[PDB]
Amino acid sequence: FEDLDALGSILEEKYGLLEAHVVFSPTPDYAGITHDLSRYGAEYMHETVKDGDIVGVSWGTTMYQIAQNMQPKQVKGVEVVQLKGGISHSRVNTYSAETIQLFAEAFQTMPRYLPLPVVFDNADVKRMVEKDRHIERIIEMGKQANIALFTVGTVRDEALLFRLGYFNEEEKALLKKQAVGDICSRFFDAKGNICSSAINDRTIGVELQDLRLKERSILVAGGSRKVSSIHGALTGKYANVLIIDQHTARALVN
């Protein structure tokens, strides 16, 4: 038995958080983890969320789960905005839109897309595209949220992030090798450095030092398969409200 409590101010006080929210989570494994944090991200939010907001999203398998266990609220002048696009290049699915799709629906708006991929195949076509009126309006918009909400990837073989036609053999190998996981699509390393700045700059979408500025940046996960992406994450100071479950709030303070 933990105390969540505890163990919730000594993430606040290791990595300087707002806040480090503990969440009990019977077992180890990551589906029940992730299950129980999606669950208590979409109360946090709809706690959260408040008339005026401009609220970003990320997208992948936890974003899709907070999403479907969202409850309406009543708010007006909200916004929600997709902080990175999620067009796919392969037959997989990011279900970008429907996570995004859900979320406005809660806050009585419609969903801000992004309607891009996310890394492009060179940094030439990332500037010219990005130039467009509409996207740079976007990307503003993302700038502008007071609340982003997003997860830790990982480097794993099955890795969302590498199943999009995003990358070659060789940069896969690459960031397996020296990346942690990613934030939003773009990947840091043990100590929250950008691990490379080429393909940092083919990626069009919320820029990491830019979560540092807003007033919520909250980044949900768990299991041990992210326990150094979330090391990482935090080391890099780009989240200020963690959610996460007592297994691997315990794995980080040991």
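Throughout, rigid core stands for the largest set of C-alpha atoms superposing within 1.5 Å between the two forms. Residue numbers count along the first chain shown, from 1. Compared with the form deposited in another entry:
- Taking 2 Å as the criterion, residue 91 counts as shifted between the two forms: its C-alpha moves by at least this amount when the rigid core is aligned.
- The Cα position of residue 160 differs by 2 Å or more between the two forms after fitting on the rigid core.
- A movement of the C-alpha atom of residue 174 reaching 2 angstroms or beyond is seen between the two forms when the two forms are aligned on their rigid core.
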Contents of the next structure:
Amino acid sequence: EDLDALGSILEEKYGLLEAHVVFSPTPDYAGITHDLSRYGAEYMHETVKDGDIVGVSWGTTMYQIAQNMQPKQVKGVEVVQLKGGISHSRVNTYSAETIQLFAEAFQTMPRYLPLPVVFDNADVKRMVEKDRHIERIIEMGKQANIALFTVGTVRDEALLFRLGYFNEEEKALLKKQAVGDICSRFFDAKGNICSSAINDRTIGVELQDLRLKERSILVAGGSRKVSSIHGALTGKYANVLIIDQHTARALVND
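Now the other one: the form deposited in another entry, given that the block above is the form deposited in one PDB entry.
A lone chain is what you will see next.
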């Protein structure tokens, strides 16, 4: 693959500011993850500058990126959480450590979002987001000029299907209609929010706000995530894509 050329195709196809088509020797998930994670860290290091407000998220890919981060002597940087929290899982989300590592690399301390990912009732979610203290955190998430995230998939094993937040109807709807999530907000193959009812009781950065950011950075790859990435990029939620060449070719071939 001509990574430059292949990046150009993606930039044209989805209207990206930048598409970084990273060499990975093989197409298996772990290798792709290792290479994108390393590339991600360097990019963040190159890109982050005095005064930036950096919105981050949590998940296995994000954690690996965080671990790879190298210290950078920058000032006035804030690092804020964009994704809500869960109350229990058998696997550690490493959410705290992830934002800690990011914060430390940029000479600041985490701005946490101390809320659950979902409320049972949208009226409660709305009054929580209007809490004077919470609103400031959400506002910092909007002000963020860099946002860093991966996409999740809609497999049976997905975390968010396994936490009691959704009844039979809701899980079936998401499995049928959604291709993935950004920060726990589920979208379809055209980038549309699948269920406004569900999304209206979910906490985290609003997907439409991502489109406004100077750099909205999606790091993702693996055949498992092709539909998800396509949906996210069709919805135009990222302007910078970090992706390996196997996945990048899979996206073009349709």
